[PDB]
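Just one chain is shown here, as C-alpha cells, and it is the form deposited in one PDB entry.
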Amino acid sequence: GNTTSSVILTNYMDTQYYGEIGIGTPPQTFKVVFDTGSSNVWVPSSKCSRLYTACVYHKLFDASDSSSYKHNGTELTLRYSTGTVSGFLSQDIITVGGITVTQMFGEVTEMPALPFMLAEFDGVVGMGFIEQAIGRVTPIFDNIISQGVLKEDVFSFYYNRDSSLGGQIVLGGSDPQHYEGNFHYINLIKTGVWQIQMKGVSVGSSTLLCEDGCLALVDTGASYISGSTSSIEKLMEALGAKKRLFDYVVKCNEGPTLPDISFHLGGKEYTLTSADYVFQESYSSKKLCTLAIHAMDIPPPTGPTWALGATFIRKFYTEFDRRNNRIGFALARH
C-alpha cells in the first residue's frame, strides 16, 4: 500500500465539522465528527427510543438491514466534555473514503437533547488511542494501520472558514493544496493521547500565561480553544471580554481592536488575530460579539490542559503522525 484516501467535510457555522462514512452491507451512511480527543466510534441505533429528540432528527443504524452485521451487545457510556451517550457494541463493515474496515462501534440508545439536538452530524469517530477507548475497543485508525494500505501512518486535518470545501481529512498523508510552508513538529508528551507541551500563551507581545509551561490537547472534535477556568478568567480580563453565562463576549465595535493571542508550541509561535477568534456578527456598539474561546475543566489524568480546537486548526493545517508520535502544524491555504 501507498494509498491515501480523503474525506470531504462540511463546515456548519464554524463550530461543526462533519463528514460521511457508511456502515453495514449494503452501506448505511452517517455524518460524523472526526475527534482526536476521544477514541470510540458510535452512531444512533434503530433501537434509540423516539422519545429522544436527538434520535428523531438523526439517522439510525439498522442491524436488521445489514448482512455484514456481527453481534456483540456490550453496554457502554461515553462521556465527553460536552455531552454523553450510552448504547451497546456492534461489529460491522465500515467505510471511510476508499478504505473499508471491520470495526467495533457503539449503537447509541440514549442521546440527550443537549447538546445533540443541535448537532448537524449524527455520529463521531474517535481518532485517538486505545488508551482512551471505553471497553478497550480497537479504534478505527489502529484498525486501518493493521491493513497496511496507508502510504504513511498519518492522517491530516484541513478546516476551512465558513463558505467551496468546508474541510478535509486525509488518511495516509497530507494535502499540500491546503497548506503552505513546511510542517513544524512537536513530539507527544506521552503516547496514548494527542497532547503536547505548551511553553506560553501571550496576549499581545507579552506572555500572560503558561509561564512555567502547560499541556495542550490538539482536539479536532472541539469547536473552540479551551483552557481551565482560571486561565480563561485571566485571559478574558486581558481582552476586557465580559463573561456571559457560558460564553465570553465583547461589544462588536471593539472586536477588531482586540490584540493577538499567540501559542508557543515547540520552536515557534502560533498566532491568532481578532479575525480568527471573534465571531464578527456585527460591528455595532449596541451588539455583543462572541469569542471562539471558553473554559473547559478537563479532569486528570488528561487535565488540567488546554484544548486547541477548530479556532486554531482553521489557522494551522494539522497532521497527526502515529509512526513517530508527533503532531505537525502548517499555515492553512484558504
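Positions refer to the first chain, counted from 1. Take the two forms, superpose them, and find the largest set of C-alpha atoms that agree within 1.5 Å; that set is the rigid core. What changes on going to the form deposited in another entry:
Fit the rigid core and compare the CA positions between the two forms: of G204, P176, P256, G83, just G83 moves by 2 angstroms or more.
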Second form
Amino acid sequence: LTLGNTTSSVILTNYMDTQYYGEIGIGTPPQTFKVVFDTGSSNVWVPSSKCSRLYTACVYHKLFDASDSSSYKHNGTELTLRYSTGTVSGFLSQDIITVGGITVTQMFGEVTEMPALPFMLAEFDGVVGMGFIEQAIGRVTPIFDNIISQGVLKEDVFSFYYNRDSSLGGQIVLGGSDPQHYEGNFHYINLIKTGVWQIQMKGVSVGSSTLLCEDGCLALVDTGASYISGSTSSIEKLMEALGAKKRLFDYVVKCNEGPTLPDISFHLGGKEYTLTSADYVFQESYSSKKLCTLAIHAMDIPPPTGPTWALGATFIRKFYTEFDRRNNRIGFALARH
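Structure of the form deposited in another entry, given the form deposited in one PDB entry:
Just the single chain follows, nothing else.
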C-alpha cells in the first residue's frame, strides 16, 4: 500500500567517467550483479552460468546460476543482439529482481555467447534497459514498466545524476528527482515520438556561432553511452573547429591548450546547454608535451534510431536529467557537484 508519496533510489559507482553502475539482486536468495542503467535499450541482460569458459567475457564476470534460485522459472526462448564486433546471444528466463528495495518479477536474457571485445573490458556485469517496450528484443516488458504496474511510485518518471570522477559517483531516482543534485529549475523537451528517448536538436555552437545542426537534427539521450557522439562528418567539422587532431579513434589536443578551448552549445527546446572546456576534455596533464583526449567521439548509429547525435555521460554530468514517461518528455537542470 502507498499513500502517494513514495520514491526509491539506486546509488551508482563511477568508473573512469565512462561506466556508471549500480547493484541489483536476481533470484532467491539474491544473486548480485553490477549493472549499467541504459536509456538507449530495453532489455535486461546478465551472463549465464551456461556460458562457456571459452568466452573470455564470461570468465571474468559474475554469472547467473539458475539452479540456486528457488524462484527461477524456465523459459528458453533464444535471444539475439547484433553488435558491431559480433553477435551476442542467450536465452530468456524469469525470476525476481530487486532494484532499490523494490521487488519485481521480470523476464531477462541470460547471455551464453559474447565477443571478447569490448565486453571483457566492462567493469559491470550486465545491463538494465530503461527504454520503451517498442524496442524490447522479443517484445518483453521492461523493468520500469513492471515497476509502474505496481502503482507504488509517486510519479511515472525516473532521473539520473552522474558525478565527475574524484564522493557519490551517481544516483538514479525512481518516481521523482533529488533536489540535492541539481540547481534551479527543470526545462523540458518533448520526445519526437514515443518508444525512444530521442529529441529534436536545433544547433551546435562553438563560441557564439552556430557551426552545426542548423536545419535541425536528432539527439538520443542515452545514459548507457560514455560520450557525446555524432556522425563522422559532423565530428570532423566540430574538431577541425577546435584545433583537435585525430589519433586512432580519439581526438586530441595539447594538454596545455585544452583549458583555453571554446564552449560547445547544444540548442534544445529553446534553451542553450553549454559545455565549457572543463566539461569535455580529460585533463590528465596541464603540460605542453602531453596529449589529452576529448569526451566527444564519432559514431554512426544505424536506422531506425539513427542517423543521430547521442548525449551520453559527458552531457549528463553537466545536466541532471529527468525522464518523464507520463508526459513523454525529458527535463534538464544544471547538476550540482
